[PDB]
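Have a look below at one chain only, the form solved without this ligand, in structure tokens format.
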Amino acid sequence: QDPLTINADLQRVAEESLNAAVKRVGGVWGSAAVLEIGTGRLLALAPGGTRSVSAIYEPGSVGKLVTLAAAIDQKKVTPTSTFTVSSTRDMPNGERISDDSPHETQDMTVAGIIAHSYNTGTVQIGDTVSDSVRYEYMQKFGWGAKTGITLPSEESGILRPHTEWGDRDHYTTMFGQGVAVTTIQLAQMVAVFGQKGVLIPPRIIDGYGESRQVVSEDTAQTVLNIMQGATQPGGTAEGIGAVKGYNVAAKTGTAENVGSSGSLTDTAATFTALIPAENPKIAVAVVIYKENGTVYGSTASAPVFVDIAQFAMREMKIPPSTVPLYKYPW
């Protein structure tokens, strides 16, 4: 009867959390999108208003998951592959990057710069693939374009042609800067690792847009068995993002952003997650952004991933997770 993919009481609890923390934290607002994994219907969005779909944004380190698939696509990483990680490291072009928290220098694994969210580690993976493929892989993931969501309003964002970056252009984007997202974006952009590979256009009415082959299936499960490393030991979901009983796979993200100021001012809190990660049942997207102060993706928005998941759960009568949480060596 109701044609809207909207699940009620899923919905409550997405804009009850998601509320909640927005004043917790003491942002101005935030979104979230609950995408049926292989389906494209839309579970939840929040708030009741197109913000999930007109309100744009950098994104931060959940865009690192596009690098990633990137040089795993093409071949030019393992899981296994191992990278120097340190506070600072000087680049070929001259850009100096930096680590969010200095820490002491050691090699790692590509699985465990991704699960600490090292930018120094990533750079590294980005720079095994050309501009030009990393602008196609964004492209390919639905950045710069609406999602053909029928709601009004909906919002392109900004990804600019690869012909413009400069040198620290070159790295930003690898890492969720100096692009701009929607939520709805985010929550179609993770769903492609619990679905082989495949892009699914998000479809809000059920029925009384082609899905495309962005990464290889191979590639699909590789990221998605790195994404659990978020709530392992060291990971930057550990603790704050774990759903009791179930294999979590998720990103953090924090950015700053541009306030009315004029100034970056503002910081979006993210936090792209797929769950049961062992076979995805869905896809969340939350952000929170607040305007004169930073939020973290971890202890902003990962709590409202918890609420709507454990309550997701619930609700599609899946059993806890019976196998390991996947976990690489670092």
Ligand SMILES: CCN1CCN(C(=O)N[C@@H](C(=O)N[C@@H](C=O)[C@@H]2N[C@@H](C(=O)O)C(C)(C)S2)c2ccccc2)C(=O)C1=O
Contents of the next structure:
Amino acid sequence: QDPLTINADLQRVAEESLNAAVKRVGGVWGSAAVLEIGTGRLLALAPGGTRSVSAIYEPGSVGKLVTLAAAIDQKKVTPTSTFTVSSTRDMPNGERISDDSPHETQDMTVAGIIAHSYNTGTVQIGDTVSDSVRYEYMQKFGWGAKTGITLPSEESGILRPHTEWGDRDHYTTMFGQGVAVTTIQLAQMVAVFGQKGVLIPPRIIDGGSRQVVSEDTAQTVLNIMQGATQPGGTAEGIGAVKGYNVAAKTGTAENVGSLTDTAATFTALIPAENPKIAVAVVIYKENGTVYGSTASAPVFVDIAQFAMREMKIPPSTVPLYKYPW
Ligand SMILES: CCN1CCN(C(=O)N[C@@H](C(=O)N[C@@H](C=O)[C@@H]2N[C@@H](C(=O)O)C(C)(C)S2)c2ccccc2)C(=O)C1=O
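Shown: the form solved without this ligand; wanted: the form solved in complex with this ligand:
Now the complete complex, all chains and molecules, led by this one.
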């Protein structure tokens, strides 16, 4: 019978979690997409109108995975390459870049950088690759284009041609600012890292795809992503799905509305040793800041715990991956 892909129980979990989280956090709206890994099948899409597919927003530091992957794919960097992290850092082109909150400067590996999500580290990582190269990766990950799901009013996102980026744009697009995204785009993206560098176009209809990154870089981005829940990681505690290895990335971005809003974002893969779902969450607050971790992780967590039961996936048999930092 059922020609749609939605899992009704999973959908209800999503809507519930989502609704609660938006209330909890004083947001004005939210959205969540759960994609099955390997098939591109939508298991859940909240809030169930079309806003999930048509509301666009600057995603923030979830965009960091695009730049990380580019640098790695181009072999310009490795998990264990080391850079200096600082509360601010003045760049060649006259730009000052700042971390969320000041910290003692120190050297960190790439692994630890995006794990702590330090802009000052990632900006350096992005500088190892040309803007036209980054730009091309951004497009292959599906930014600035409709995913092509069969639901009305999909927005294409905003991805200005790199040849158009100023000194600020050079660096802001490195951590998902100066770019607009829909939640469906974000799920499709992270899905790549569980798909051996392949992007599968999402589907809501079953029935009386492209290579974005190498299989190897996908897997390394996958290992780095597991650093999110470990001590010091932005999703420590809050991102934990008891008994299951979680690869994830938070994001907390400013948006206009001028520049008074924020979008708390979360994109995760689970279970990390062998991903079965790709999850993307966003909660938008209007005159206030809201953190991907405090806001959106809990949603993923509720969804993720159910999905693992629902899909009769056994708990993780192997340790959460660690690179030294
Ligand atoms: C173009 C100017 N302009 C405006 C937008 N803006 C900005 O909002 N910066 C944010 C940012 O994007 N940094 C995060 C990326 O999300 C890093 N990752 C977060 C995470 O994942 O939790 C983090 C660990 C909380 S900080 C930020 C800073 C402080 C608090 C929350 C978010 C800039 O500063 C910036 O350049």
